[PDB]
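Below you will find one chain, with nothing else, as C-alpha cells; this is the form deposited in one PDB entry, and questions on how it binds or moves follow later.
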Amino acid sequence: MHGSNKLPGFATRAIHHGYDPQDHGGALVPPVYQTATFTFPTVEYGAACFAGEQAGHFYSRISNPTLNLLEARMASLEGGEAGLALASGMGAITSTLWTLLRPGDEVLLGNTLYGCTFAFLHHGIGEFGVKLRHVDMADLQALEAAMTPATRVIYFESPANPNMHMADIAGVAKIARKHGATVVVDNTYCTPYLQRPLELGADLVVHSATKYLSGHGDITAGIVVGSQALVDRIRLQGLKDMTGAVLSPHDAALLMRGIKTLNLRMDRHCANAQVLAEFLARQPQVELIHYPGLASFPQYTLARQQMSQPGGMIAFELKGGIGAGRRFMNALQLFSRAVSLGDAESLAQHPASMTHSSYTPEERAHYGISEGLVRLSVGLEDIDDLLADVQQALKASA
C-alpha cells in the first residue's frame, strides 16, 4: 500500500507502490488484466476517455491497468514522474528514439553501445536522416565540443561494455541542460536500486527488464521512465504508432513479481561479483579485470559516486587471448555459455569465439574487442561453487 514520493524505503516501494488491495477486492496480489479491450458504460464516457477528460481504459496497446501498476512502481524506484512498459528493451529504446528524433536532428552517443542499439542507430533510424556521432561521455570537454544546435538528444549506457566504462551523468546532463538536448540513459545494468540517472540530471532512462528487473530470465521486456510530458509522447507515438511493442499483462505481472526481490537479488549479485572479481585479480592467468568494485578500476571514484554498489557484471582478459578464452568457456560447468545477463543463473560469453568469432583478430581488435576478453553475469548460486567452476575452467584454459 505504502506509496512512494521516496518516503517508504526502496524495498517497501518495490513491493507495494501504487497498489492497495482494499481497492481490488482485497486481493493481496493484483489481479492480472489479460484483456485487449475495455468497455464503456456510455458512449459519452468512451468519448471522455478518448478526449482524456475521464480516467479509464479502452485498449491495452495504449494503456493497460496491470502495465500501469508496473509503470508507476518503476517510476517510483527510478525517482521519475512516469513509466511505460514495453515488449522488450529494444522496444523501449526504439519507441523512445523514434519519437524524439526527426531527420536533420543529431544524436550524440556513448563510444560503445549494446549491439542492437548500435545496429538500430546506424542501420535503422540513422538511415532515415538522423545524424549520429560517438563521443566519450566521460570527457565533458569532448562532449561540450561536439554539441551543435542540432543535437537533440544524448544517449548512452553507464556502465558500458566491454570495460564497464562510466560516464559523468551529472556532468553530461548539465551540458545538455544548457543546450536544450534530451539525455536518455540505458540503466539496464545497474537498475534503479544501484543507480538512478534521473536524480543525476538525466531526462529519461531505459531498461531491458528482460535482465535484472525480471531477474529470472523468463520474459523479455522494456521500461522507460522520465517526466510525464516526455513519457506521454513516447506512449502515444513511439509505442502506439511506431513499433507497437506491447507488453503482455502476463509478462508485466511476472516482472512485478521479479521486482519484489530486486534489492535482495542485486545485493547477492554484487556480493558474489566482488568475491569473484577479487579471486580473478589473484590469478596469474588473468591479465586485466574490468570491475567497478576493484580499487584499481580506472573510474573507481566516479563509479562510487553514481552507483551504490559495483554491480554483478565482470569483464576480464585472459593472457594469451583467444584459445585461452575458448578453452575456458568450453570448460565451464556451472556458468552457462549464453548471451544475456541478470539471471539467477550465472552466464558467460567470450565474443572472440562466440558473437564475434566471425571477425578476424584485426577486425575484432580494431573494433574494441580483445581476444581474451570474457564477460560474466555473476548469478545467485553459492559463491564457492562459482569460484570452483572458474578455478577448474582456468586450469583447463591453460
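In this text, the rigid core denotes the largest set of C-alpha atoms whose superposition between the two forms falls within 1.5 Å. Numbering follows the first chain given and starts at 1. First, how it differs from the form deposited in another entry.
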Contents of the next structure:
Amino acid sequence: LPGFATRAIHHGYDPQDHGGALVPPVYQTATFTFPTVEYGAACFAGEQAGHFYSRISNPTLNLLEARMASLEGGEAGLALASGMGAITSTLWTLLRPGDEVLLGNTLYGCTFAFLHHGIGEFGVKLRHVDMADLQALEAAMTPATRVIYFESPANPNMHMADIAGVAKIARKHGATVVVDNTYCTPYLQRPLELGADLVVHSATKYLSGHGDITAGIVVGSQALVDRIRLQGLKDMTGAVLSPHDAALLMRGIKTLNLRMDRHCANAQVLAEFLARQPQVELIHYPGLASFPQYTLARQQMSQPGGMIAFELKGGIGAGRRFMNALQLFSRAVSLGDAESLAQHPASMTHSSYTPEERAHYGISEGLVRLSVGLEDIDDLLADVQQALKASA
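Previous: the form deposited in one PDB entry; requested now: the form deposited in another entry:
One chain, no partners, no other molecules: that is all that follows.
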C-alpha cells in the first residue's frame, strides 16, 4: 500500500490512459456523447462505465473523488461546489420528515443556519449533544434518530469528539455518523477508520490550500455516496463543481502533507508563544499540554493542526485593537490558506450581536481565531508581538 503523499499525487491515474499526459486533462465539458442510444440508455439506468452529464459525474471530478476516497480510506468520494454543498447534499438525502438528527454542541455558522433555519423547518427534529460525553449521547438516542453529525475539532473552541465512542453507539442503534473533517484533512484525522460512515469537507480550506476555489467533498461507503450523488447533488442542491476548480483542488492536494506539516509547525510556536503572555486569558490549541482534551486529540489527530483560538483580557476592545493592529495577518474569515488569516467573531462575523446574545452560544467576548499560514514564523511572531502591545 503506497504512502499518503504518493497517493495524493498519483492515485487513480495512469498517464498512459490519456495520450501520456502527466497532468490529467481537464474535462471542461457539460455533456458527453453516446456511441449508441442503447449505450446512452444504460448510463441513465446506471449499469456501465463512462458518462452522460457533468452534474452527475465527470472524469476530472471522478479522479478527484477516487483520490480523496483513497486518502480518507473510504470506498467512494463525491465532489461538490462548496462545503455547504457537501453537507446539504448529504443531509438532504439521509433525512425525511420525522427523522431526528443529533448534532455537536457547536457548529459552523452556516451549518447551524442550515440545520435550524433550513432543513429543521421541514419537519426534521434537532438536538445538540456533547460528543465527548458518551453517557449524554447514549441517553439522547431514540429509534427516530437517523443521523449523528459533528465537527472534530469543532468551530471555534476546538471541542473534540470521541469518534470511535460515538460510532460504536450509532452502530447499535442503526444511526449514520457524518463527520466534518475540514480542520484536520485526511492527513491528520481519518474518521472513517474510527468507524464513521461519512466524512464531509470544505475543500475551500486546507485541501485547496491557496484560497482560490470554493469546493466540497463527501467520502464514505459506495452505497451512501451513490445515494447522495443521485439525490442530494443531482436533484436537491445542484452543487456542481467546475472541472477547472476540481483540477485546481487536485493541484493543492499534491502538497497537502507538506503544507500541513508547516501549518502545524508554525501553529505550535505561536500557540506556545501566546501561552506565555500577560494579555492572554486562555488558549484552545490541541498540542498544548494545558488543552482540556489533550489525550483524546492525540488518539485521533496525528498533529495538532493549524488553528489557534484564544481570548484576551479586555474582551471586545482588546480584540478590535489587536485585529486592527495586524500588519501581516489579514482580517478575514476562512482558514487553511497559505496566507495567515485572523478573525475575531465578537466584532466581525457576529458583530451586530450584543454581548448578551453571544453568551447564549459557545462564543466568547474576547475570542480571536487564528489560521496560521505558511509564512516565515519569525515574521508571524513579530506581527502578533506588536498586535498584543497595541491591544493595551
